[PDB]
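Trainee: The primary structure of each chain is shown beneath.
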Amino acid sequence: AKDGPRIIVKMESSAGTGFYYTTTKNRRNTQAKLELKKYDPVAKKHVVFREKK
Amino acid sequence: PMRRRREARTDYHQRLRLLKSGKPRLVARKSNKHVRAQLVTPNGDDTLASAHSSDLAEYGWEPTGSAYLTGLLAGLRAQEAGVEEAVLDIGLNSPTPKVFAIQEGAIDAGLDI
Amino acid sequence: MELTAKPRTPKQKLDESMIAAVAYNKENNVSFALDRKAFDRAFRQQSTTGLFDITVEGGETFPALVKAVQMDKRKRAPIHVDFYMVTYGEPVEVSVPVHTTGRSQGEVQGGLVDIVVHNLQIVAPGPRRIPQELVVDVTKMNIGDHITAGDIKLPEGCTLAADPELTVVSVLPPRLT
Amino acid sequence: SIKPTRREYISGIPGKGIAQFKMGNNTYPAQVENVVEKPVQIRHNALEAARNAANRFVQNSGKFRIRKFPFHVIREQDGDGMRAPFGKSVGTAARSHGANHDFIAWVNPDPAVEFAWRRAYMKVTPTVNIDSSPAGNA
Amino acid sequence: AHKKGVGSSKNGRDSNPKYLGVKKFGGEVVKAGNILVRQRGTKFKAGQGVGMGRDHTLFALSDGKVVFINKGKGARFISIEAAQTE
Amino acid sequence: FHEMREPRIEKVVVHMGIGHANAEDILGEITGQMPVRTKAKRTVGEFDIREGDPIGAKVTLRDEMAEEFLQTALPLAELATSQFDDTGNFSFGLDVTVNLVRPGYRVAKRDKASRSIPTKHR
Amino acid sequence: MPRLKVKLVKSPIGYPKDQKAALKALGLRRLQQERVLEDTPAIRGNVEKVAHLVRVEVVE
RNA sequence: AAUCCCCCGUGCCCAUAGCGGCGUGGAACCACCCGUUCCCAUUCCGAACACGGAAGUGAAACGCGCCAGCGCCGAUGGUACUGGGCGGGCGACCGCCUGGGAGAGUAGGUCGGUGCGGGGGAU
RNA sequence: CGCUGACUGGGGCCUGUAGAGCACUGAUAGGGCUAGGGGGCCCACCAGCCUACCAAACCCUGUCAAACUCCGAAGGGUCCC
RNA sequence: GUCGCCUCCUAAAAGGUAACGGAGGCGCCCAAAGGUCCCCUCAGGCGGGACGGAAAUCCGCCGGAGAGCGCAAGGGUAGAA
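Chains as they are written, first to last, in PDB author numbering: chain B6, 2 to 54; chain BS, 9 to 49, 52 to 72, 74 to 76, 80 to 111, 114 to 129; chain BZ, 1 to 177; chain BQ, 9 to 12, 15 to 36, 41 to 76, 82 to 157; chain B0, 2 to 87; chain BG, 10 to 29, 35 to 107, 128 to 156; chain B3, 1 to 60.
Be careful, since some hints might not be right.
As the list claims (entries may be wrong) - Calculated pairs, PhoX-like style, for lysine-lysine (alpha carbon to alpha carbon, straight line, at most 20 angstroms):
no., chain 1, residue 1, chain 2, residue 2
1, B0, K44, BQ, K107
2, BQ, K52, BZ, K73
3, BQ, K52, BZ, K75
4, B6, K11, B6, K54
5, BQ, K107, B0, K11
6, BG, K72, BG, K55
7, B0, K44, BS, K28
8, BQ, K11, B0, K11
9, BS, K31, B0, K44
10, BG, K143, BG, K20
11, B6, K54, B6, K3
Stated by the list, open to error - To be clear about the criterion: a stretch of chain BZ counts as covered by chain BQ if any three or more of its residues have a C-beta under 8 angstroms from a C-beta of chain BQ, and this derived list gives those stretches:
no., region
12, 90–99
13, 115–127
Hint data in this document are derived by calculation from the structure and do not stem from the laboratory. Each residue gets a CB set at the ideal place from its N, CA and C atoms; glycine is no exception.
Kindly produce the complete structure, drawing on both the sequences and the hints.
Mentor: In structure tokens form, the structure reads like this:
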């Protein structure tokens, strides 16, 4: 998107490998290297999910 | 404010919450002195004195049991009518240990909740 | 005094020489009668300031007359009045005037004057029991003084359908005090 | 009836600049007064004035009361020329709704004040109506 | 290379609110009443409003849809007599 | 009925609060109902501009508790006069007040028929 | 069955849209002609609105 | 057990039920009440939420009644505005003909009306 | 395709200008009650005193609003008959 | 000068319309204003007391919610967002 080194930075998150990812917008603003949550890659379902990229 | 926005305490709307749907308003009206619930179900529904502390006298087992039974039975009375799965009615206060009690009733009462 | 009519005809009526005016009374009304010529005379006297009544079929010779109306229109010539009697001993809504004299205090010496947002006095003394002309003027006037409700000074019939401290009549600088 | 941009964005919230209401003196009955019939964004200024000159010629007792007061206004030449016209304000008043209760020459027997107001009408602008009130003028 | 002031001049753009289907017509599981999208429909007609009473839409199917506050979310069912046994 | 108006406790606070950590801990030991509220404002009448800080201390204490305090705390205060305010109630000292409790007090608590507490009962 | 008998007058030349329809409706071809109908508030209405349109007669 | 009086859960009609002034009720009802080990529980205390129980009380929240002062409701006859038709004035505008016809403004009206169930109270 | 169409009669459901209205808001005038500034007086840390000048807010008499409306029609709409 | 987009007014009352006609906001953001389950009852005014004399902090009364909601308006609306 409109890449603006302004606390506005786009990122994703793997599925422990579940394989690929899924969309997400972000803001250093707070918690830098902070970013985790679960989902479900083509890999079965669910799976921890770091976001960092 | 509108009648229900200047007084205080109630939540009636947290009743209408379940109103939407789910089943009978297994509404359980309390007053320590005893417990009394009906069964307001959708459509200008009604009720069937399913369980009351007086209906069968008020016994002498306090909270505990009372409920334990009032409910059960209640549940008994109804499932004779032709209900089945009825939605609970915290009528008021938080599913206090009373409440919870009665509650049991239903459940044990076999009237799914 | 007299005034007739009561059918169902306001336009033409409301026209010519006869002005509308309902037959209003506690419990019953009856088509508008009267006339645009009587209103004159009498009204001219002092509508809701004294009182009389007219003989329509000798029907019911009673008082109360007007409790509303208006010369409304732009022109300033009334049309469509209200009429209500009172053969009861309940007479309340009684608004009769009150006059001073000129007592010399701020005027004929200080030139100063005085506003009288009052003048009238809607009260409720002894029903069918009021002096068409009641006067009360303890005098006083000038500088930054003022008098209103509160003080006043009511005779006989102890009503006051009104309140205290409020638009009585003070003395202001017609130029400077 | 073109009127203004708003009561606080263009020009709304003023004192309008004038010379207050009441004058003359009391009076319970005597109904002595003035009103109109003409419609016109009563020329403030012209207004303010007028009425005043009224006191100028009398002085004291005669309800030099007056029930008027402008409160909105026009606008015109300021900027380019004639086209896309922004707006520069000036001259507020109030609509004299085709006649109505003007100002009052109210008092017992004091025509010495009736003539006054009279002098007051003369002035004014939109013709004016010379009149009396409930009862007349004594 | 900028923009100016003292020229307020600021036209406004377009909307498109409505009551679509108004009150009491052939009811179709589709946009009920509208004046607040994201809306959250309801059940049958609606009668709740900053007015007092209520409004029936002698038209019944799945559901309709609200407008956020205005109108007055549905709930006071009302399938309509035209919802009985064929 | 002289068995009415005739009193029976009713609340009674006792606190303090400085544009600030712990001082309320000297508060905890004297009783047992900690007050945690946030004063504020935005000026320099003391250096208290901070309009959103936690300095307000207030150790609520009606009935039961207050009793132990009214007790062990009523001896060191020397006055008994004026400090008597209208609304049947009063406040002395480093910060303390107590309210009367005539029979027509409570009702003023109802969300409904909230009788604006008549002035002949209180 | 109040039967109504109207005639044609003041050409609707350029006059209100609808109004015209009420013309072709009631049944209104050429000018100054005469037609009749039953009271029927319907037909009635229309015509009336058309009022000034021409002339109505209670006949049969 | 298929009638009225009462209280209690409680619903519809969004103040002709609100405010407040005086009053009345506790056998029954209901609350206040009596205590606080354990269920749960207060950012502070079992005030509120809460478990167990008599005595005490109707003070308080409360229910029925009376009171128009504040409110709320609100006609008839009436005036503005106007759909439609046609005339006067250069003029801002005025008027007529036909169906619609408010608010405010006096009368006066209101101190709810009514559902279902539960406890009794009427062999 | 064939009575569905402009239009009228009926029936619901809507919009809420014109008008009107002052409790929402912002004006604004005559005034009363009042505290803020006065102002003259004990010399005035007195913060005690009277009162004719300006006011804020509440109360009475009044009045303007397209970006106000507790109120509310003319009329237009839309589905059905 | 100005061009996009969000709101008011203009639109005459369904919807919707110019004007270089009125006024005002946006090319953000919030990882927790997210999802639910559980509790809260606003501003304000008045009356009484610490540090406090605008302007808190607590305690006791009054309240068609006039506060409240990251941002402009407008709708909403505590039952509550």
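Trainee: Hint by hint, note whether the structure agrees.
Mentor: Structure-based check of all given hints:
| no. | hint | result |
| --- | --- | --- |
| 1 | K44 (chain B0) / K107 (chain BQ) | 56 angstroms, violated |
| 2 | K52 (chain BQ) / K73 (chain BZ) | 15 angstroms, holds |
| 3 | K52 (chain BQ) / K75 (chain BZ) | 12 angstroms, holds |
| 4 | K11 (chain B6) / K54 (chain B6) | 9 angstroms, holds |
| 5 | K107 (chain BQ) / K11 (chain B0) | 18 angstroms, holds |
| 6 | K72 (chain BG) / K55 (chain BG) | 18 angstroms, holds |
| 7 | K44 (chain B0) / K28 (chain BS) | 9 angstroms, holds |
| 8 | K11 (chain BQ) / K11 (chain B0) | 19 angstroms, holds |
| 9 | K31 (chain BS) / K44 (chain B0) | 15 angstroms, holds |
| 10 | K143 (chain BG) / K20 (chain BG) | 13 angstroms, holds |
| 11 | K54 (chain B6) / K3 (chain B6) | 17 angstroms, holds |
| 12 | 90–99 | holds (count 3) |
| 13 | 115–127 | holds (count 3) |
Violated hints amount to a single one, hint 1; each of the other numbered hints is respected by the structure.
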